[PDB]
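To start, the structure under review is shown below, and the notes come after it.
The complex is shown incomplete by one protein chain, all other protein chains being positioned as in the whole.
Each chain carries a letter (A, B and C) given by its place in the written order, and its residues are counted from 1.
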């Protein structure tokens, strides 16, 4: 049995790191994937060549732009006929700079990409699900437990993650109350082994993970398979943490 | 499939309702199951007849009794050679009344069966896992939405479920700190339709569920497959809520 | 009395509802209060008139505008020579629409006023405290219950209060890590009786409050007196909920 047979999924930030692991798990389970990225178009070439252009498609996308969402939706439908799943995975990370010295622009950019872009994606995926999937679908909002090492001191990153969490709740409820079978859940990765970091951090990172190591990207992929499939038809407005016990 | 190939699972209260659902999903994925019940001996025979002698075993068990835990471990190792997964699913409602009118004995029964029994089981499962499974395994405490938010009609229940949720955190961390690869996680079902009730009560229950219908036992089963299998190797000390939006 | 003796506080949204309640408690306890509004000079005059001219000062303020924070700060130091306390109480609801039909401009306006404004105020206040109070002080982010559980009718409000909440945690830790004695906490009001409202809506709001009645504005002020004074010197990065049991 292929757990995502004929499902069509949009995965933002989908050609590198965590998003790529989600794409790999999805393709493995029989799904068609549209993977997107703002700048990494060669990442898109590589993914499509890996998966095959019959089951995968790359689209360039800046998730902060309302216009690129319509562009991805149209490209997804044009290629695959429908939209069943949105994985909002694209996000920018946390920095350790003093809060009183943070420029508005740097704050606003994080809010745009980590929070507002989730809203925009939801809105776009919901319309396309009502239009092509009999108002049925699953939306997954991905946000790391910690996006900076040690204390979550990045006010922008933390704020946008907190925003994303409640967005998920409110959206699942906003839909449910009008009888629309579109589930919205959040996934919360701890520390995944993708980007290399200085050893005075990497060792300091692992020191914060009870199980003594980092996750792989497919760890996050596996939970997304669950949430994307009808195995999770009664999971809604909920938070799914895969963090090696980081915030236990 | 076989997402649980050659895993041996103990499932307490596994012969009816949610527990039977978990057992059905487990058997589907190639697991061997030991299902237990305190009173429902005939439900247990029925389960083994439906699954088969070769992959299932019924052991009568009062989860509150320390000796019954040793009994199930003994029977499990004698039958299947090892213990890979414990699902603490057995539980009891509690006396619906005014808090200050609750008898200590009624309070204590609920604590005994919903909380202390979980600890007894973790302990028994951990020893069996170190001895027969190279100190690898997965423990799932089936708690309740009532361990996340207060249940007005039954505070002993709420208390016991909030306790087993935190027990889950501590146990996972206690194991992880010492390098032991036994994961502990909690599952929080909302309303699952498992019994006949008055239509008045059913309406009241459904009003509290945003999606407007109770879940089914296999909804819980599915998340338990994910948690019991190696797919969730980086999920630890975490809470998995399947409640159709109830506490969103 | 005199629990806030010789303290100077800026209270945004300070001339009506919750904020006026906070100001009333603050004045009562010996504080100098700079209350602000964006479009309520009439409100700001009655407050100033009733508090006196020497204990209260009114300033027009758009909390979303970075320039107005400077203006308010400057005028507070002009009048009272220091800043000890900031109460981020200004906030707005949004459209009560279906999520897929919410215009980005409506989303953005809620995020600007409820979330980004809080960050702007924090920057402003931290700078003023560093120089005019020996880097000691208290910031109180007035979020809401909507920042703890989802508000179906307003996903942007939920997202923003969820954001305010984590912003609080992050800001408190950012300052503490640098040995700066500026505390940041959030307060989460449930339903407080401010507007006049129709009986039907009243009855159905009161239906969701376990204690059977809305709170008063001074209920929020009492918890803010505590958070503003040195009685709470060890209260940091925490959440303070006064909601008549609404999210219990």
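Basically, contacts are C-beta pairs under 8 Å (C-beta built on N, C-alpha and C of every residue); 3 or more make two chains touch, one makes a residue touch a chain.
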Residue among B:36, B:40, B:89 or B:116 touching the omitted chain = B:116
Of B:46, B:48, B:166 or B:206, the residue in touch with the unshown chain = B:166
Inquiry  = List every residue of subunit B that touches the chain not included in the displayed model.
reply    = 66, 98-100, 102, 104, 107-108, 111, 115-116, 119-120, 122-123, 126-127, 130, 146-147, 149-167, 169-171, 173-175, 177-178
Task = Pick out the residues on subunit C that sit against the missing chain.
result = 1, 169, 172-173, 176-177, 179, 181, 190, 210-212, 215-216, 219, 222-223, 226, 231-245, 248
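Simple rule for what comes next: only the chains that are shown with their structure count from here on.
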Between subunit C and subunit A, distance of the C-alpha-averaged centres to the nearest whole Å = 32
Inquiry  = Residues touching two or more other chains, restricted to subunit A: which are they?
reply    = 169, 172-173, 176-177, 237
